[PDB]
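Just the one chain here, the form deposited in one PDB entry, laid out as structure tokens.
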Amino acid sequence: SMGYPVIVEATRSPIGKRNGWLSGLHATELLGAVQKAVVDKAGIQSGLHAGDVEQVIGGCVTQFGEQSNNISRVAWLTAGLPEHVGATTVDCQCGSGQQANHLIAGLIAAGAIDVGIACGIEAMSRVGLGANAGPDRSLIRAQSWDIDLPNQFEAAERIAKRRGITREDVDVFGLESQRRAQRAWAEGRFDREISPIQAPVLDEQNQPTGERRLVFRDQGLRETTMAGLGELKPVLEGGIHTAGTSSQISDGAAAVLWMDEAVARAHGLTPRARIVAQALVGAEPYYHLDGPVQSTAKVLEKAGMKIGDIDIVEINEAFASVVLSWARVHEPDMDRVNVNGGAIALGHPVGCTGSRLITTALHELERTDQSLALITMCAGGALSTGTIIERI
């Protein structure tokens, strides 16, 4: 239409563990640092400045306290960035950070803006899941509510049972998530996409020691063995998922700089990717988190593509069974799926992850000189986001 949106830059913090390396930052400082970082990554040779950005849209799930009151705006102001830039924070639960990209591209397509930033934040050390309601969570839905929507841990089990996924099957998968994340770090695959973040050091009681680190490494990786995974106790009684086959609670932020193509060309910025097809669809409430099956089918239809066409898949690892369910339906080549590991090993700062995945997918297309990626996430409320991006 009146714009042609392309990604020119994308960057993410390292992902910290709960009460870990980034836990001493205010949620607004963490997001602000990455917003600033993605602008800075355009370089002096771009002539682009933060005040050339027209709008920022960031995903965030638990919009309480530090994360309330439009954190995307608060962060941007806290990082010292120019006040005339508009900002909006979005919640479609887990997919927020991905839908933030979809929305920015849409405003560029519409000719409403020429330059945008899509981002996501979750400082789960600071603002934990469920802070955005009081203790009796029955109160948050109307008395008339009668949809079998399970909690996410029961959802993963129901999905495993529906697909015949076993304890062994998920352990094998969790192991390979850690292995591939450790490969990626060993080989320096994440070195382009990461913006190291200054954070204060907190001790085991969460108290400042005085020192600050520039944090540049994902915290969630660790020595993992099948035997080790075999010993872990399941989160639910009779469940198959354990800590080692579920995403980690994490702190992180990620941001993607978008422009209309002719504005990228003016700044001499290579257009790196565009969206082929995007969606956000509802899933079956009973299974809750099997939605990647539907968002994948919806983007493949819109793109006129099949799963064979896609070079790289990033499908969030909220639980092993979610990915394995998806794969038994859509039948990918698993060597193409989460090639640098996923949330089991890397962490899942919920509102960040959808921008983080777009960042990770793009850079791996670039590293391997390939063309197409598919990004897909399950999300609370029984939803799912899907993107296919193509390198330009």
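Positions refer to the first chain, counted from 1. Here, rigid core means the biggest group of C-alpha atoms that superpose within 1.5 Å across both forms. What changes on going to the form deposited in another entry:
- Core-superposed comparison between these two forms: among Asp191, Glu301, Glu83, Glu168, the single residue whose C-alpha moves by 2 Å or more is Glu83.
- Once both forms are overlaid on the rigid core, the distance between the two CA positions of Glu204 between these two forms is 2 angstroms or more.
- The Cα shift for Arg179 between these two forms, taken after rigid core superposition, is smaller than 2 angstroms.
- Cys92 is among the residues whose C-alpha shifts by 2 Å or more between these two forms once the rigid core is aligned.
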Second form
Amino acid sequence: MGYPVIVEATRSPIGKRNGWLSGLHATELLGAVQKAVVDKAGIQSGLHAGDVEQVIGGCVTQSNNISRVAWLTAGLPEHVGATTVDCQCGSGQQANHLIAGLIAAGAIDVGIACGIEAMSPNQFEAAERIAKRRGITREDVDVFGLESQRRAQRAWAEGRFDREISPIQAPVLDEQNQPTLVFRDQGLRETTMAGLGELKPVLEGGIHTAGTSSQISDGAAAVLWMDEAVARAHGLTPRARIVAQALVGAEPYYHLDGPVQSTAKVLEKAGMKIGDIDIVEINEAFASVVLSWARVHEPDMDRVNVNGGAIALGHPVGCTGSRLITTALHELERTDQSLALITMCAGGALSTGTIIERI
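What would the structure be for the form deposited in another entry, given that what you showed me was the form deposited in one PDB entry?
So it's only the chain below, everything else dropped.
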């Protein structure tokens, strides 16, 4: 029945933890972005908030995990590792895949996918295993981390993010809450090859530092989707379509290398190859994830995370899917290119891949 297209996509600026957005309750920050995505659509159209038929938000990131607490409650030995599958990576692209599918199914004509990150075993270890596995060094990740920072700085200098960002009003917070608008990503960082060479690895025997991994950050994003002809009837312009999608199980012991599989599978579904893709957005939680993915697929690295990624911009993990779709779409439009691949970790030990085409 339906033909889903993206008509508007927006993100908040990304704030540091305890930074410029920290004075907002998670519900207020998400709410601002839900409203902004509707208001953008309404600027030269008939669309109103009550025309949204379904909103689907990604799961929220969360030891006190029930498996461990149970194990201790029964008197069992404390050295034993216990974890509970939850929302470690966020749901990645799931909300956007579900909204688009519900439109294709003819269940709804208008939907919003959204996500939020705020004040509402182990990741570095996995990222180090992924590095050793394919000979990724300390120097390799420092080069990549420097480049993400440079590209994000260049992107900001040239105003590349101006279209995609909804400015957000937030309280002063910090030391005094008595005092009663944020435009820019706060995580952008004034570092160099030498600076990065000085940093101490986060794990003994590791290659990643604070400069080649991202920190958890405050952010929200949302994507408004519509059936194509309903968009046209309301005077709104179709901007992108999903060409193919994939949701795959990652390797239990290399759980952050999922993008390798999800990229492979979504390309196969599309009948495409890496070189066909103009723009890639692959989440930069860890530099080794991207370099690992790149060593298998050997893309042109000048097309990968063109405006920087999470190492420079921050990692609002709960909205990653919408954040990456938002950034990819606006970079396709800015350069007038046709195809983007978006890939990332999801849930626990899953990865999603999505190919979109600008229209």
